[PDB]
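As structure tokens, one chain now follows by itself in the form deposited in one PDB entry.
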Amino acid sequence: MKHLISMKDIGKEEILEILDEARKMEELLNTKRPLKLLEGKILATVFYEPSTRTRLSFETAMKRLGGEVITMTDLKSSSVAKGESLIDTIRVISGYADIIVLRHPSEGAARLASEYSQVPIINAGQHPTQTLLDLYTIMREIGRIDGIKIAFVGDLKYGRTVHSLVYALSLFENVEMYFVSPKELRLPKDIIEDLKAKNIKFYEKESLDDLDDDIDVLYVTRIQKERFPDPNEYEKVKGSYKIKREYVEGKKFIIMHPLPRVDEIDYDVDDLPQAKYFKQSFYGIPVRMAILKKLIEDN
């Protein structure tokens, strides 16, 4: 493996290898002793669109392995405004660092970049590293990925991360999926087709109540106010799909949600044992530590 550009470039095997490696990394973290696996390496963060959340994750992961980091975050008067192209920049940074995490708006910028890069590229957005992080959390908390009952709540139409996860989970055995959302935000039709094709049992419900306390994972998508020009549409969705304390109490599921959370989950839900979004956030360090080490040694 030499690049991590898309989840569709990784099979059920790589996924399990990475997850296994991630488990080791996690154990190493508890050691609470100075790790030096990547002692002499340099990770370069090339973001054409700022993202502190992302930068921090990778920077922390790399530093935990004993490596160093150099950042560069600007599509502004740093190169694109001037005239320096993505290719030239990638060739220059490619010569400075040992691995690169790229964040670019253009569709095939990451694929294109990996062509001119003489170093491994990690696409930070299709966000592979987020999907792996999701699978690691499920396995870590539920004990297994195969044969689980997971529900997706929220914007399944425009949900970036959601589609990537629905696809990755479709590679495992007996996974029941429940798609809860408004009618206007139902899962894309071509994805529903691929699920039927792969012969996966799923349901499309409209209310959070239609679910039953038999679900293992409740995955809440991000509901971004900006995607809804009409405020009534937003107050309609948020009000009908917000996860409240009353609804969570005594249930068997764990709550998952890729940060940030604005109105998708009440704050009084944070203390319940089934609230795992913050634990999930943490798991991001171990799996990114795994992905960094994996890509460096493989080269």
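Positions refer to the first chain, counted from 1. Here the rigid core means the biggest group of C-alpha atoms that line up within 1.5 Å when the two forms are laid on top of each other. What changes on going to the form deposited in another entry:
Following superposition on the rigid core between these two forms, the residue from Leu75, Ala109, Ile142, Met72 with a C-alpha displacement of 2 angstroms or more is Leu75, and no other. When the rigid core is held fixed, the Cα atom of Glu226 travels 2 angstroms or more between these two forms.
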Second form
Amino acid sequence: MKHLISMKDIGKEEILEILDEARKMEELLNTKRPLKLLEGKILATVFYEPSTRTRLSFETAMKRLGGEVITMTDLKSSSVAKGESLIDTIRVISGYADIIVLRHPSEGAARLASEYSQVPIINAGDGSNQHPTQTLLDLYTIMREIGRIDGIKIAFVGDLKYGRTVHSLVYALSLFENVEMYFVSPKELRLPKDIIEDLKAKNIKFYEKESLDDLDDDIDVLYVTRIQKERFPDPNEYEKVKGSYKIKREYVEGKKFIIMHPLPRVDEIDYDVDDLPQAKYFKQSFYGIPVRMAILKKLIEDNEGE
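The form deposited in another entry, contrasted with the form deposited in one PDB entry above:
Partners and other molecules have been left off, which leaves just the chain.
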């Protein structure tokens, strides 16, 4: 693997390979003794559309492996860009660092950048459409907390029509055996038609539900996604929707499932749910470090341009 642009370029086999490397990295974090696997390496954080969350995650991961990091964000402003094209920037940075994590608005972006980069490119998503590293850490969370990915019952709650990370995860999961999916969402924000078709094409047991009460205590994972205002300009409307899908304490208690959420959470989950056993979104947050360490390591080794 010379780049990590899209989950659709990876198969269940490579996914597992990565999840394994991730577990190794997690254990290494427990040795607690200074790691130097990527000692003489430099990671370049090239963000056009800022994301302190994603940067810090990758930055931490790189440093945990003993590597160095140079950052270049807010490339969008003319002060941090200066009319220079992505292509020129990728070529210059490509010459400075050993690996690049890119975040660009345009669609080709990542893919294109990889074409001009003499270095591996990790796509931190083109804003949306494709964030591999996120999906991978999601899978790792399930693998880690549920003990397996195959044959699990997962339920997604929230904007499923525009939830990119949800789409990406639904696709990845569709590569595993017997995954039962539940899509809880407002009538308007249902899972894209074409996506459902792919699920059908892969003979995947799935159900579209309109209420959280439709779900049973047999779901293993409850993946909560945000529902932004832009979908319901009318406050009244938005109000009803928030209340209808908000994960409350009384609903969580005793449930078998674990609660995941890519963060940041704002309204999707009550704060009194945090201290409940099934709340796992912050653990999920942590898992991003080990899998990102896994990815950085792999990408660099796989392309030993020594």
